[PDB]
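Presented as structure tokens, the chain that follows is alone, the form deposited in one PDB entry.
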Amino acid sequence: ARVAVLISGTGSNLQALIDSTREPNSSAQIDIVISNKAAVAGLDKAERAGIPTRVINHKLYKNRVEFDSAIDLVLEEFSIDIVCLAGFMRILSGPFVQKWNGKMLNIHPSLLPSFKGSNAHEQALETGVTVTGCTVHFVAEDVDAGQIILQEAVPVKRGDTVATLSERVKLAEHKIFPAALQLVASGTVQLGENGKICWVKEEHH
């Protein structure tokens, strides 16, 4: 499966995703990284890895749908099968999300449905949970909604700060974002017509 990663900044987990695709039995290759912002770190990451990049500036388009249509055209041109979001900070239109339903994934640094929105690590600390984690899900029109693919629980430790908790959750993200991508890329996990996750046994052995 040919994979695009959409970013707006540092491309968190992009290196993890790249490294996973260079593994022997990988079902995925990262074929393009698209940013809505020029000269961000995540583009340098991609370029240093020899992966094509594009920059699409939302300010050049009349509205969100036209901007998203421009992203989609690039995805079309590069024959992309699957999209991962890695810190992409523009809300994608309903038509875009619909088109890519079951083929676009993202990650969140909580065990959803807990700690929706931004600053989930601070939310976890402020609330006083002892277990948090991260969640990879299919992207839906509504932020943080969408069917869950993989989750990993991560302990909150006595004395944790936003930074130390964040670093622990990031290590889990480095594990599950690529594992989830592999599941979707291989076809092992597919989104059913009923809108629920399906774990498929593949014909090819």
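Residue numbers count along the first chain shown, from 1. Between two forms, the rigid core is defined as the largest C-alpha subset superposing within 1.5 Å. First, how it differs from the form deposited in another entry.
- The Cα shift for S26 between the two forms, taken after rigid core superposition, is smaller than 2 angstroms.
- After superposing the rigid core, the C-alpha of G159 moves by 2 Å or more between the two forms.
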Second form
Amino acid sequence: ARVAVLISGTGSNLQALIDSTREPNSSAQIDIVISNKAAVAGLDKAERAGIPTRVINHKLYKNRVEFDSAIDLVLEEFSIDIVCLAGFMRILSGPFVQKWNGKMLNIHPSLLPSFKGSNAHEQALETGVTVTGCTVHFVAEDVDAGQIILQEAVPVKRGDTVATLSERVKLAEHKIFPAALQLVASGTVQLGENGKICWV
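Let me have the form deposited in another entry next, following on from the form deposited in one PDB entry.
Excluded here are partners and other molecules; the one chain stands alone.
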């Protein structure tokens, strides 16, 4: 399977994905990295890895739909089968999400359905959980609500800050995100006709 990775920043999970796809028994290859912001560290990572990059500034379009159409133009250009969101920070429109249904994954730094939204660590710490984690899920229209592929629990330590908890959760993300990509890329895991996660 041919894979695109969309980023908005440092692309924390990008290298783990790259390394995974370059192992001998890989079902996936990363063919392009697309960022909605220029000069982010994730682009430098992609450039160092020898992977083509594009920058598509969301601020240059009047709505989500036109911006997403510009993304999908590039995805078609590169014959992409699978989209991975690695710290991509723009909510995608219905039509884009619909077209890429069963073919687009996201990493979220909580055990969904807890702590939906972009500040999961802050929420976890305010709530006072002693266990949090990360989730790889298919992207659905509803934000952070798509079908769960894999999860990993991560302890919260007394005295944790967003920075320390974030680092601990990132280590787990580096494990489950490439594992989930491989599961989808190969025959192994599919979004079913009933809308549920199916292990073929």
